[PDB]
Amino acid sequence: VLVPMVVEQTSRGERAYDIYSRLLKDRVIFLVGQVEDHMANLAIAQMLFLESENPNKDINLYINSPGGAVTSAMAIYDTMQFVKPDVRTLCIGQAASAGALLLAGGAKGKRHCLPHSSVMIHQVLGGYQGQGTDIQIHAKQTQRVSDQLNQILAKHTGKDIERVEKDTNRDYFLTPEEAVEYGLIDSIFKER
Amino acid sequence: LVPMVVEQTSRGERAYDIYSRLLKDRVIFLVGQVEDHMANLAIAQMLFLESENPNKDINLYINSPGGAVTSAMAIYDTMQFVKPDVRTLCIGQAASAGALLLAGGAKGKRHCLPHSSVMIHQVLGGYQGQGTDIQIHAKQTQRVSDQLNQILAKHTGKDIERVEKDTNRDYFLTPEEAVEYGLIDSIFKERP
Amino acid sequence: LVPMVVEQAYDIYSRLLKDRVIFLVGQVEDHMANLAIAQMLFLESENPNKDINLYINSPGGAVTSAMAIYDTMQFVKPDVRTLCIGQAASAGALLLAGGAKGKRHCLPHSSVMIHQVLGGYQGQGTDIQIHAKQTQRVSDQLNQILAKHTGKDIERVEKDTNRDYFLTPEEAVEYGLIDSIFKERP
Amino acid sequence: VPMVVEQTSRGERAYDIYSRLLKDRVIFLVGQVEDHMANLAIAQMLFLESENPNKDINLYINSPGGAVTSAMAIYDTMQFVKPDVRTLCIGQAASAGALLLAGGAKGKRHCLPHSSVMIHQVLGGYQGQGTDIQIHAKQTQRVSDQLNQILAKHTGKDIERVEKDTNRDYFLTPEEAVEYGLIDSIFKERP
Amino acid sequence: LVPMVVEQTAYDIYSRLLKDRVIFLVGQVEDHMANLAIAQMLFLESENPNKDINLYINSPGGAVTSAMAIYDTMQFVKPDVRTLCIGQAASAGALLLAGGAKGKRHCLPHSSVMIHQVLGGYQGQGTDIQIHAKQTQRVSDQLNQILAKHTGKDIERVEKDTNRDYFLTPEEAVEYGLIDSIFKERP
Amino acid sequence: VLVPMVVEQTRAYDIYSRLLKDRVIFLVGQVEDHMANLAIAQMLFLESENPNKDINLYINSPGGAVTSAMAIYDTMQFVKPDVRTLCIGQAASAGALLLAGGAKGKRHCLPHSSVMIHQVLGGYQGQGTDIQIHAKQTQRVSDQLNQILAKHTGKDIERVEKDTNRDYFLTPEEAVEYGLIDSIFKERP
Amino acid sequence: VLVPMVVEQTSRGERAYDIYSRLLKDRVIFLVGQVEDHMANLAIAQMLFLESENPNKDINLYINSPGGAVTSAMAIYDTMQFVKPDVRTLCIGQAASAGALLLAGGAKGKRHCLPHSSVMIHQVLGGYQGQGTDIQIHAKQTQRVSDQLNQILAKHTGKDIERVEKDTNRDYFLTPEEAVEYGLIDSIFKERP
Amino acid sequence: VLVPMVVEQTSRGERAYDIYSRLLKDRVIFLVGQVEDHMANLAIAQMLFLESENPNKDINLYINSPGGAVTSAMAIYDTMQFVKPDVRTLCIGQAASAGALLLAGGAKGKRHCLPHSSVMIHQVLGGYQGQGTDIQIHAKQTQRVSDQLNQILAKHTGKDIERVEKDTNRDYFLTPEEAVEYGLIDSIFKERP
Amino acid sequence: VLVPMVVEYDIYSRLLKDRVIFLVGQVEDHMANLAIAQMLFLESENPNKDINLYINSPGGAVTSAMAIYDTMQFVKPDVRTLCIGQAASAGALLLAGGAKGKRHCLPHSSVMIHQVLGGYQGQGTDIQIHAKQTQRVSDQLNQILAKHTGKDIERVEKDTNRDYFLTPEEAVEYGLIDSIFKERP
Amino acid sequence: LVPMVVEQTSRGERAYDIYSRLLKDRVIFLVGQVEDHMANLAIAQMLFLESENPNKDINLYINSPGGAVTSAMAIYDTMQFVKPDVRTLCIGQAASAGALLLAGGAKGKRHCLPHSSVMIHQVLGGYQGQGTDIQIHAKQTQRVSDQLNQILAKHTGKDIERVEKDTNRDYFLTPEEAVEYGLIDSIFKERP
Ligand SMILES: [Ca+2]
Ligand SMILES: [Ca+2]
Ligand SMILES: [Ca+2]
Ligand SMILES: [Ca+2]
Ligand SMILES: [Ca+2]
Ligand SMILES: [Ca+2]
Ligand SMILES: [Ca+2]
Ligand SMILES: [Ca+2]
Ligand SMILES: [Ca+2]
Ligand SMILES: [Ca+2]
Ligand SMILES: [Ca+2]
Ligand SMILES: [Ca+2]
Ligand SMILES: [Ca+2]
Ligand SMILES: [Ca+2]
Ligand SMILES: [Ca+2]
Ligand SMILES: [Ca+2]
Ligand SMILES: [Ca+2]
Ligand SMILES: [Ca+2]
Ligand SMILES: [Ca+2]
Ligand SMILES: [Ca+2]
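Chains as they are written, first to last, in the UniProt record's numbering: chain Y, 3 to 194; chain E, 4 to 195; chain Z, 4 to 11, 18 to 195; chain D, 5 to 195; chain G, 4 to 12, 18 to 195; chain P, 3 to 12, 17 to 195; chain W, 3 to 195; chain H, 3 to 195; chain C, 3 to 10, 19 to 195; chain L, 4 to 195.
Just chain Y, same shape as in the assembly:
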């Protein structure tokens, strides 16, 4: 018996050997689309699996995400600090605020992007409906999440939390060079 090859899985997630799974064999994880719990947990599971196979080889996180929730990315971020392997981050195309958090939370020296990548950070978004008392409770928790995002970004970039809080107030786009300069990445894999 040999496992069947597909480029893409059929609508049923047939247990066929898809292209992403073949890249997983080289320790490459793809983080794409909206960052939300479903895909997030699948990414966390791939890191745990990669760490189980070899806790000493780098894991490569390839990021192309135009959007999504920072609270979802949060679990992925913690997963990356938790597992033993260094996690290399490369932004292939887009890194929006959830995605940029992970890009930035890569191992020191091992965060990159490509020449036309688009990185962008902004403050957490939330929402609540209900009694005032509960609105106050959820509002405080959102303030907490917002502070955590600033602290995480401050830590990996080298910036002040006050500076990061200021920059993330509205959508803040960074060219690749600006992103190196900001400290969100270490270098651009320039055209060779």
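Possibly wrong hints are sitting among the right ones.
[As the list claims (entries may be wrong)] Simulated crosslink set (DSSO-like; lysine-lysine; CA at most 27 Å straight-line): (1) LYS59/H <-> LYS86/W; (2) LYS86/L <-> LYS161/L; (3) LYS27/H <-> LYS27/C; (4) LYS59/W <-> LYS192/H; (5) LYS86/E <-> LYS27/P; (6) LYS161/Y <-> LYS86/Y; (7) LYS27/P <-> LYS192/P; (8) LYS161/C <-> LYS168/D; (9) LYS161/W <-> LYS110/W; (10) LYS168/P <-> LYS161/Y; (11) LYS192/Y <-> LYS112/L; (12) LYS110/Y <-> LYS86/L; (13) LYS192/Z <-> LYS110/Z; (14) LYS192/E <-> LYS157/Z; (15) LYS86/W <-> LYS192/H; (16) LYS161/Y <-> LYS112/Y; (17) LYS142/L <-> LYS86/L; (18) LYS142/H <-> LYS168/H; (19) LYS86/W <-> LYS142/Y; (20) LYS142/H <-> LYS168/C; (21) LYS161/L <-> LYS142/L; (22) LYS192/W <-> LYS161/Y; (23) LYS192/D <-> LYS157/G; (24) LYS142/Z <-> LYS168/E; (25) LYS110/W <-> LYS59/W; (26) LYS192/Y <-> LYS86/L; (27) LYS59/E <-> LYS157/E; (28) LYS112/H <-> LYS86/H.
Source of the hints: derived by calculation from the structure; they are not laboratory data.
Following the hints, position chains E, Z, D, G, P, W, H, C and L with the ligands against chain Y.
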């Protein structure tokens, strides 16, 4: 299916919807969910009655099982603005927004019937967006909340803290309990 | 100069309102409840001494709504005579029963039916309890009112309305919900 | 829905067509018999009785369907008001409408030559607990019995015979309907 | 005093034409409009039992069972009902056009008249299917009888022609007997 | 006595129409084109009836587009009568512009009124060239709003710009202090 | 995304696992998304399977659940105590009320979270619609489930039931440090030990 | 939500299994979710299969059902009594009336639940719409099914039919302890020391 | 040993190996044809051993049942029918059409027979054409039931006029089944 | 609906979807609308082919009638990033996003077929929100617009200003025109 009434005017025969006819007796119906559209109609009715006679009482009949306090706010203010005393009678239901209006009637002129149901609770609200905006809207919600407590305290004779505690959750009052609470002044079994 | 119509602005119901007849038909719900109450107050305003005639044909709707109509009935000065033309389901039967002593009637193929209050809530446990308590109070109120107007014991009413309880016109006279049946108008 | 205008001492007064026909003590019972239109019809009879409790009321019927429970209220109203209620079936009298047609005053029930009369047993339904199902089932049996008693009363047939016929959709030509006792005669042209 | 409009949405255009004893039968013939047309004839008869009523028909479809009522109403009211097809008379409308008073059934030069058998349908138990199928056969028979009567054709001839959609030019319709004459311009 | 009386439309003489006789206009609900043109029409009619008597504009609006408010604002400066503004309940940003743009000394609110101001909102979708064209037009509308509030409140344009960057709620007292309104009425004067 | 596969090539041949089944091999179970009956049962099955394989090795329950019903979690909680293996619990990201219950219900000393995890507890939600009599019946049952939740939290945290009943009256967020202090977990892991 | 799988070392080689199919190998069947015809037939098929493998070893039915129709439960119940193996029943979480019927119908002495399980029984529900004659036909059938449920519960709990009928008139929740006392189950698998 | 195992072979495929076929859900064309194809496959594997049809069907059309029934009489193997839970009209036909002496239900099984349903919409001429066909099918149902139960066609027609529920015992008495199993015999 | 192929591996028979089989010949299909999901699938395929053999050419077969330029951007960077020369062939349509990848193939290795349609145009975008945020997204859209011009200029040899002018509106090119313009190098009728 609103019924009409034809009156014989000095100038001739005139049709009235039932509510226009009762308006001729300075009765205003405040019914259904308290929301902006009906709030404004009730307010316009009060200003009309004030224009017809600045001195005769206005009678505001209340039967409202729900709705927003912010909507009730404009009506409450209109009540204090207009010159005529506003007598308030709860025919059936007066949930939070309704209870605000009922209680804000003219001293000694707030009433309900024997099976009326009165219920007060804290304000509800909600917002969705950036954390900064969530904070801004939470603060305004806190203020509207305090306003509701101040208004009930003022009209019932209770302390603000007492009112805050009682509205923390849905708080039902029998007619008797509502008199004792100071939300109304007396109950009418049959017309006085 | 006002237009004349059977239905729509001077409709058939407004014409009957001139004869102090009010129709209470369809599902008993807040909108039609308040309109009914308004006509009673209007009729009281015209003449607080002549009877008001409440014609009932309602196959359902919420007792909490009927509650306001009931209270209005006892509030206004005029005697309210009640006739069930076709159907009086539970909210409608409350109003049927709550008419003036001696002045509650039905037609021979009328259907009267009583049952306990319906309710519902969704949310936190604490709030469920708060709302369950209020439903029990509304439920006791329904029993008390039916008891008062029929002469039955509260417990007996409570037991009978536990489930849908249909009453023929004759059973309804016997029960105390109405005072008499009309074959043809006296 | 057309409007008719009439001259008064005090100006022009406008009427929809049915309000104008009401002026001739004609009431139209058409479409599905359900509560809304049933009550409107009862309201018209009460009004006409109020205007003159002694002149006939004319009920014109064209109803291809609807619920017997709704027809019940109209039927009782008809026996309740003092005026004779003459019934004419212009086109269709399906079960609920057939009830009303038959329940007109003796000697004053009619149809036109291509009218279609049809009678059937009551329909219903309930969803819930077994105990509740039995309660509603009994009430349904009762309403069904009432329908049979009403037809039996106005036709001269026995209830066992009415019950048998209404078991399934039972169509009658106008002649068969005279012979059945549902109507008294057919009008070829206005007599 | 009373307000004037062309269209409802209140004296309107149709109401004004009603004052000259003109009734419009337009759109799909179904119960609602059928009953309105019937009421209008009853009203016109009431105003004057002796003057003709004018039924202007422009109907591209609808159920014969609804038309049946109108037809019986036409023969029931005292006044002669003159019929004119301004545009279309599909089978239900054609039955009405054809059932106008002798000598008083007309159409315009580009009118389209079309007759066909009754349509129907039922769903349920076999016994009920059988029951409704017989009734449909009865109604289908009544349509043929009515058309034969007014056109002068044998019932069998009508039954054959109507077995499928049968279009008739104005001329063909005079010749067939559905109408008596064509008007180019108002005579 | 021909004309029938109703409290609510849906024609008849409704309660709003009766207040129009006393030169009172209600500006309620969302501020958008349809109601804006109705409000502008009422103003033209009132001016036509008497060019010199005040027009009273009662405002209770929780939101809406500034661009639609713009038209109402221009109408208010265009007609000859002084327009008195009173905020009965809510005056969100489109409403607040109208509230603040009433005649000098004749702008008011009630004690639990909520006034709130914020920068314009907008949006476009299409080719880059067109996005730039519409973005420039949004900037202009945004400037016009800062200019109008500056004019009527006495604040600097740069101060108004900063304050409206995000939703900015004012109590009636803060609103008097800001210059959006001239006074508060507890009860009618 | 779609669910990645792991193919282990072997001299024997080759075998294919989805990523979750591959981690099952290492006695790791994921409890993610809304806690509801469907995934609850899959999680219970997985615990029974692991017990079957070896009743003495720890089972690892990784939790990332931002919500869901406490009645659905109850079945998982009972399964955790029922199976022989100790169940270690780690909150990777979110544990709302139902998830918080399973987190706290892990074997003594083997309950953890990561530095930015969010733990949150609240009283049970419920709802019924129908006759008064039935509303009373379901309200009582809700009161019982609500007490049950309080008792379980009291049991595993060391807190008084009345204390827990007061804390869960409204949504109660805990930072990892507060969750340790409260007794819902035993320690926080910055990096895998 | 996605069913994990396992790979086992079989006689002709290694084969995959979904988790439920692997627990099938230990004679465990999961009855979860709403009881309705589709899952009912799967469960019966699983029982017939297990009987076919070994007619003499116990079958284990793990139940977590919050609702569903007694008429669907009927087929499962009868299949339980039909197949040769004793059918042990265990309520892991919830057993609403259709589930409770299957719980109670397990082999003598082999019916259980866990400490926070919820067992609930009520009379049958139904409904019909149509001609009166037909309504009468369907209400009698409903009465028969209603009597069958009472007779089945009575047999297995030892109660009187009249007592069962009275108790199920409305939703009747039992704690695990009451369920033991009632006769629905035989014992609770309490948390080991 | 290569092929994966699931409960949802799949479980029904594994039971197919023991010559068991499930007829469950609404009887309609899709599932009817799968049932038929399974009978043909079983016949092809072994034309002599019984086929076992387990029936649990609360509804469906008689015209789809018709095909299954003919298949049953067509294939060489005896078809044993067991009603595990429900067998409404369409299913009852199949239950009653099992091989003589090999038709069974369980103690709480619900069997129910009724006349054919149908309907048509169109021109009068076509309504008549389809009504007659409906009458033919209605007669075919009665003749099949009379053949297998032993009852007169007139008797079957009267009984099936409206929904006619039979207890297991009544169904043995009626001729629809041969015996009731308490436990596997 | 995707066909399978069974091959005789040295390790036994293996099933391939048609695309995975063509992957064995270093052929990748880029088809349909360009959007993130398919873009990431194509990038993974390039990463996988590089991993198999970093020196052999990758063959990118393009048939895309539309899609977002921002999505294409990730693919274009991937193409410059991986070590193998990427030969591009337009089988049918290359709309603006597709055209960007066609033109971005390796020097001398960009082609189309005789009835191919190539069309370029400026980026589309859009945003909804506060004015400040509108200006922010507008600047970013301008930047992406300039990037697209600079990439097309680089690969065609045209001046940026000329490209900017030409792409102002939909600009269709015949194969011959596309050779002349520098978007491709040659046209094949029959394979050479
Ligand atoms: Ca966010
Ligand atoms: Ca790490
Ligand atoms: Ca006042
Ligand atoms: Ca509120
Ligand atoms: Ca009274
Ligand atoms: Ca009926
Ligand atoms: Ca009479
Ligand atoms: Ca005539
Ligand atoms: Ca037809
Ligand atoms: Ca001729
Ligand atoms: Ca705006
Ligand atoms: Ca001015
Ligand atoms: Ca354990
Ligand atoms: Ca809960
Ligand atoms: Ca057994
Ligand atoms: Ca049930
Ligand atoms: Ca059938
Ligand atoms: Ca055979
Ligand atoms: Ca390259
Ligand atoms: Ca684009």
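Status of the hints after comparison with the structure:
no., hint, in the structure
1, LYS59/H <-> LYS86/W, "holds (23 Å)"
2, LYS86/L <-> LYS161/L, "holds (26 Å)"
3, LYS27/H <-> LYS27/C, "holds (18 Å)"
4, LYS59/W <-> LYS192/H, "holds (21 Å)"
5, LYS86/E <-> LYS27/P, "holds (20 Å)"
6, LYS161/Y <-> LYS86/Y, "holds (26 Å)"
7, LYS27/P <-> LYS192/P, "holds (25 Å)"
8, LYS161/C <-> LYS168/D, "holds (26 Å)"
9, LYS161/W <-> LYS110/W, "holds (15 Å)"
10, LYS168/P <-> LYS161/Y, "holds (26 Å)"
11, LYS192/Y <-> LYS112/L, "holds (22 Å)"
12, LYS110/Y <-> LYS86/L, "holds (25 Å)"
13, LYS192/Z <-> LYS110/Z, "holds (20 Å)"
14, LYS192/E <-> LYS157/Z, "holds (15 Å)"
15, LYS86/W <-> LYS192/H, "holds (13 Å)"
16, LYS161/Y <-> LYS112/Y, "holds (18 Å)"
17, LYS142/L <-> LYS86/L, "violated (33 Å)"
18, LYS142/H <-> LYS168/H, "holds (19 Å)"
19, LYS86/W <-> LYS142/Y, "violated (41 Å)"
20, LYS142/H <-> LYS168/C, "holds (19 Å)"
21, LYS161/L <-> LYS142/L, "holds (25 Å)"
22, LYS192/W <-> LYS161/Y, "holds (22 Å)"
23, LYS192/D <-> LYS157/G, "holds (15 Å)"
24, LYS142/Z <-> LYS168/E, "holds (19 Å)"
25, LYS110/W <-> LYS59/W, "holds (15 Å)"
26, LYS192/Y <-> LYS86/L, "holds (13 Å)"
27, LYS59/E <-> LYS157/E, "holds (24 Å)"
28, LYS112/H <-> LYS86/H, "holds (15 Å)"
Checked against the numbered hints given earlier, the structure breaks hints 17, 19 and satisfies all the rest.
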